[PDB]
Amino acid sequence: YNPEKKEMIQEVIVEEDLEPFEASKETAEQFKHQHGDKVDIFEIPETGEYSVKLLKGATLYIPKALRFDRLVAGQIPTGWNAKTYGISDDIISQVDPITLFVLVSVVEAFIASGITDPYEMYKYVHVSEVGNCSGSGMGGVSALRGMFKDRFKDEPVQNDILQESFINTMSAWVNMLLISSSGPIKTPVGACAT
Amino acid sequence: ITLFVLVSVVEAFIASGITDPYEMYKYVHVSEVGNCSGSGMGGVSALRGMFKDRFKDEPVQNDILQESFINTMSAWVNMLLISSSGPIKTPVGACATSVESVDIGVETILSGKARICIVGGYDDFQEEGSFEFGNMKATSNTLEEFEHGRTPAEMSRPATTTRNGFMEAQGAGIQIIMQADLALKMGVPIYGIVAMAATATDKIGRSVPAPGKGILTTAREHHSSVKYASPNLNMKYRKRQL
Amino acid sequence: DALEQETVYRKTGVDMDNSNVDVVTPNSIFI
Amino acid sequence: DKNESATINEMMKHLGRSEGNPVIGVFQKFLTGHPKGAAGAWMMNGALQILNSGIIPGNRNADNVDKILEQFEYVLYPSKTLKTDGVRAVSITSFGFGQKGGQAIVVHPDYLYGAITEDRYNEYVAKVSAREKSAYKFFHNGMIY
Amino acid sequence: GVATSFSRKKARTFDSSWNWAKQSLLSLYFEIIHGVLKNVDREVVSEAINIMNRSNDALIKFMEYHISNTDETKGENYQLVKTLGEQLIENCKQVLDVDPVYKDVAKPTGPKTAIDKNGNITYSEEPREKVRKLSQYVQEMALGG
Amino acid sequence: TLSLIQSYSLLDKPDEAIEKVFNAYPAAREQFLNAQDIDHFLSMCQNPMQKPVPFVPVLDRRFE
Amino acid sequence: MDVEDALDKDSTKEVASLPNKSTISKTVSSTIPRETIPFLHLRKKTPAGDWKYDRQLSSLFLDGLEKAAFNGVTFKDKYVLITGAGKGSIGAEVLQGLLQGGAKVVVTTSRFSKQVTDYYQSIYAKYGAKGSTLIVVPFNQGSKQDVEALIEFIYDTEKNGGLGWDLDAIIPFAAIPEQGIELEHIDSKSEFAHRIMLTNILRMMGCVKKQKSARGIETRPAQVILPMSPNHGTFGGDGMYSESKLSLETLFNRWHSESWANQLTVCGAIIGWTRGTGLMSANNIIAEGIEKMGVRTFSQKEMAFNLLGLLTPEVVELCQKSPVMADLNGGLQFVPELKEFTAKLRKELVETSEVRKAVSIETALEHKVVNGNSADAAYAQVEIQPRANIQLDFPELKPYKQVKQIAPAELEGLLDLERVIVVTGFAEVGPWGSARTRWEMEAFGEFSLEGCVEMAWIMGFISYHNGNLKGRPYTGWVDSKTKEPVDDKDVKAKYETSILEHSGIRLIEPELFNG
Amino acid sequence: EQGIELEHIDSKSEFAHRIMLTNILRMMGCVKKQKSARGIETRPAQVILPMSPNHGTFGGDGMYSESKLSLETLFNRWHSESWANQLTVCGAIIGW
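Protein chains in written order, with the UniProt record's numbering: chain A, 1114 to 1307; chain B, 1211 to 1452; chain C, 101 to 113, 133 to 150; chain D, 1550 to 1694; chain E, 389 to 533; chain F, 963 to 1026; chain G, 599 to 1113; chain H, 776 to 871.
One thing to keep in mind: the hints can contain errors.
[What the hints assert, rightly or not] Once the Cα atoms are required to be at most 16 Å apart in a straight line, the calculated EDC-like pairs of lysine to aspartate or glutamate come out as:
1) E:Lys518 - G:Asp785
2) E:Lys521 - G:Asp785
3) H:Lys808 - G:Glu602
4) A:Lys1177 - B:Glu1337
5) G:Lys808 - H:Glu780
6) B:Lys1423 - D:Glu1553
7) A:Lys1262 - B:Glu1364
8) E:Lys397 - B:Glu1233
9) D:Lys1686 - F:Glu978
10) D:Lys1629 - B:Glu1364
11) G:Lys899 - E:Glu513
12) E:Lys495 - E:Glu431
13) D:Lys1551 - D:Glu1622
14) E:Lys449 - D:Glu1622
15) G:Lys674 - E:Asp487
16) G:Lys728 - E:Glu435
17) G:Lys611 - E:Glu478
18) A:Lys1177 - B:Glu1364
19) A:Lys1266 - A:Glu1124
20) A:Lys1166 - A:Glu1128
21) G:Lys685 - G:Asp648
22) E:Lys398 - G:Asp716
23) D:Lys1629 - E:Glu419
24) B:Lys1413 - A:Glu1132
25) G:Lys1092 - G:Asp1077
26) A:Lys1166 - A:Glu1221
27) E:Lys495 - G:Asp716
28) E:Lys495 - G:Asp661
29) E:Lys495 - E:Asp459
For the record, the hints were derived by calculation from the structure and aren't laboratory data.
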């Protein structure tokens, strides 16, 4: 994301028939179901790939670039990585980096509390008496880019991206990796006063 | 999504016999009326605005972001009907939102920070939702259901041998909760008593949507020393002590 | 207004299951 | 449905329910689907209406119960609506994505009125009567206009 | 006519008899309580047979709780359901570890074609002479005519 | 069901005619007018094939 | 003795004598008078090749049936295929019995839908004993392929997606009606029915034999209950009904002469008169008249019992020695010229009906003219249509003494009422509209007058109108589209159908979610 | 039909049965209509039915017996239907 260079598309109308391009059987049929009369598809006999003649009157999206005006933000310093704190790669790729913020913050807080092993809490306190009342204003923002935008672009996105969009799941990953509590969980939304 | 809530809120006050919500302030100070309603996703159609509809350079209202926020539904309620200055605790509990909402709503009143609380849950159904529920293979696979000769009405079949995936739905539920004392003075209908409301995490897992047995901790009690009856259960005992 | 209301009143004035006919029985055919 | 049946059973077992008194399970989602957010609230609405009627709606979509669920003694799975003489307390249990357990207990409202006097109750009744007529007017008014 | 209808996947199965026993017992239980089904009815015989067929230990336990915890004093109907109940228990205790049974206990009826004063044709199934139980059916079949 | 006022001649003993209706429908004694029936009551006051109403039912434009 | 019951005076004491086994010393076989043939009887083949009444066989049969009425019959570990067991059929009444005795049964339907699913669901929920199971499959008797696949689907292992069963009984009752089709009018319908009523049944018996011979199962034959007619073309207009039902009698000879005697047995059921449901299904009117010739007609439940009689372990043994023909006909053999006598009993009822009708017509007109429109137009009462009084369903508040019985008395002034949480008001917006509407659908499964009206109002089908409606001042409901007046009576007929389609769980309608 | 028992009943069997029963009925069907058309009520054609006495005594004959037994219905339908004036039945039980 370069705020001087914002990807956006316009709905336009094809004036004159395009030149054919190659695509898989599955892919071609997806075009045909969309455009119907305004596209033709043909088996290329040798390969088994399909030609796509997009025709006059078809609908296209052409990228363009908005010049936006808010160029500055308070940003977590360059080279910050969940790797350096001790989070493993299997966890990073699966999860919205918003959670990575929390996990590090949680661990360091227990260190600031002098609690090295969170299980130490259960020497004094029953499993049902450990709560996580952390919350967000928007939550899994990067997961939503998955859902609404990245799916629409048919880019490869992880199936369970929806669960990372949920606000409470950050608190869950905390309990799912560190805490093992069976105590309460009350996840508030307060956009600014969360 | 808010339209769902507003109607639900009004009809609830009608079910409470409160026609003018200002009537509440005959009995109760402005700072003692809470809204602990919440959602799992919230302004889903606003997000279609943000991520998709902007990207397509379709005309979208500037402030679409504020409708994306979960708490703002509860805000519009207070901004159109209530005029309270009392607490507002908006929970996320994706599926168990409403229960969490009730728990908090109670806890707001047990402090005495509120005397009356608006409570319940709401969520909408949209394009990207169903697809992602589809990709988590959580909803009922309709094509497989048609292959099994099933009809729409019988596609949601809990505790069934042939159960496979849920049926996604839209809508909103609102309840109104009060101090019994206040309820009796106001002469409002009383539908029941909220005895207990609690929430419960589970354990170390590596699967998010997998449900756990955590909530058993509503039923925790010790049993090494159960030979003789406890007087603490006996109302006779408790009464005399009062 | 009464002239308008009077005006507008004058522009109105195979089943192989034996559920229907029980033909396992000799009597159900027509007999 | 396996997990939820299991946890309620273990609650009933640990607390020493009399052998042969199962809790009766209503599955509202069969008719209403999963309003994922509003799940508990509809179940809440349902539970209340069950208390003030003594009526238990069965799961009409339950053609056949999973053989697995036989092992849970203390749980009952109705199909048709059961018209009873009264219901005392209703358990509400919702299970959320990302380990979100929740249980609500809702109790028949007449249990409240026991704890006050004849006078305050008779005072209450007269004002609820006053609510009811006023409420009926405004609703049907607001409906038709 | 000769078109394919059968597929494997459309096959609905029904096996959860253990669950229906409690429900059908519970339905019957409240039907007596509201005075829908009385002593005299043939329904209360036929329904019993189905419950006796579906007898296992759990089903006794279920019946033992709900019958032994009625108050006879509140209504005439509550006395009746206890008396029926206690008896219904004792039967199910014997039929345990015994093969279930096809017994038909339906009133044997004959045809009656009635023509009224206005010449309207009415058909109704009417109780016959001397044949009020399938005991007396088999004799009649044997004795010919 | 069928009417309890078969002919309007039964109204000639009006006290007994009222009681007969409100014994079959006790709810009607303990409930405000439905707004539907309010408007129907006011529309029947304007019925011209009828000696005009000897009271004022409502304050509106038509009060004069 | 004639056994004394407690039935229709005190059914608490005939609930007491259900487990009690009754042992009777004098069998009903000795009750059979000589020179007289019983109504129900078996038949034995003569060297000539015809089927005479046999004393000995029938005796054994009726004894089993006597024992069925008292102690009853078990169907535990009996695997049954049955066809043509639709709603209000003998098949369905037989099905009821099988489940009641704890049989494991595959039922075959034609009109596989929701309504039919729920019906068979209802049956297993009422009659299904311990160890009993019921399977419903959609099925076409007409199709070869369906027959071969179905039999494979029963006998194939659970691990390859089958049942892994082995059938003990086949009841191929499925067939279709042929009315007003004489010899000349025989066509498509006739041949197709015959394919159902003979060929595929043979192929079905074909299929089961092969699948049993495959697994080397030589000692577990399935009993085929053949629906026989005694009236082999005595009636006419039945098309190829008779031909089908007579051709089945070949099985009584092929069982001896072919190599499938160890895998199947034949039990031919000559079915007599069975009265259907309790309405004027065209033949029930004359039943009475037929019984006055010393004939006996059967109820559905009675005929079912008779057919369930053919699955008693005694007659099971007979099938496994000799073919068994079962004359379950109440002596319709012995009434001569059965077609002519039928039509005479129709006539004398129609005649008597017509004369008393035409008299009733004239005595209306010859009373009309005398009294004009003064004692025939002043006889009409005034009927009242109900309208929607939607209630808010506020909790009924009992008097104080009817609260103090419920709560224990010690509770008075015990609780802090500032620390008790109480639900005061609740509502929802759902696929079933408001909390009220949802509840009715949840609990009752059908809307009240109040339900429909509310739903129609919500769904923008009706809206209230006050003022000038086409000149005439109107007060009441109005169709939101046509601006036509509507009354609350009509709402059910006009809208409910449209409401149930576009409410609750249904196909996604793109209008509600922006295309 | 040779060496075709119950299990081996298929295409051949059904087709033969269509020849040996159905079409013969339809043939008797056809002649009735064409005679009733021209108002010929007094000139019946005599149908000589080939009968077998060995109705499945032998086996391996497939749907032979079923065909030959089904023809015996005509001896009852002649009484009970309206084609007695256009056809007559003469069942020939043929020996060796």
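Cross-check of the supplied hints:
no., hint, in the structure
1, E:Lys518 - G:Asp785, "49 Å, violated"
2, E:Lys521 - G:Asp785, "47 Å, violated"
3, H:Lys808 - G:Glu602, "63 Å, violated"
4, A:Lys1177 - B:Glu1337, "26 Å, violated"
5, G:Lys808 - H:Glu780, "12 Å, holds"
6, B:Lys1423 - D:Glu1553, "8 Å, holds"
7, A:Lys1262 - B:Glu1364, "34 Å, violated"
8, E:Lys397 - B:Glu1233, "60 Å, violated"
9, D:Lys1686 - F:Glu978, "29 Å, violated"
10, D:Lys1629 - B:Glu1364, "15 Å, holds"
11, G:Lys899 - E:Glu513, "13 Å, holds"
12, E:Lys495 - E:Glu431, "11 Å, holds"
13, D:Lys1551 - D:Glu1622, "14 Å, holds"
14, E:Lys449 - D:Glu1622, "10 Å, holds"
15, G:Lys674 - E:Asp487, "7 Å, holds"
16, G:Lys728 - E:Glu435, "15 Å, holds"
17, G:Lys611 - E:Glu478, "12 Å, holds"
18, A:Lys1177 - B:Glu1364, "48 Å, violated"
19, A:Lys1266 - A:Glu1124, "15 Å, holds"
20, A:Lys1166 - A:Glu1128, "14 Å, holds"
21, G:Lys685 - G:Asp648, "36 Å, violated"
22, E:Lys398 - G:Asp716, "14 Å, holds"
23, D:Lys1629 - E:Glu419, "13 Å, holds"
24, B:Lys1413 - A:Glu1132, "58 Å, violated"
25, G:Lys1092 - G:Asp1077, "10 Å, holds"
26, A:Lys1166 - A:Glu1221, "59 Å, violated"
27, E:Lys495 - G:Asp716, "27 Å, violated"
28, E:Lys495 - G:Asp661, "21 Å, violated"
29, E:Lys495 - E:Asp459, "34 Å, violated"
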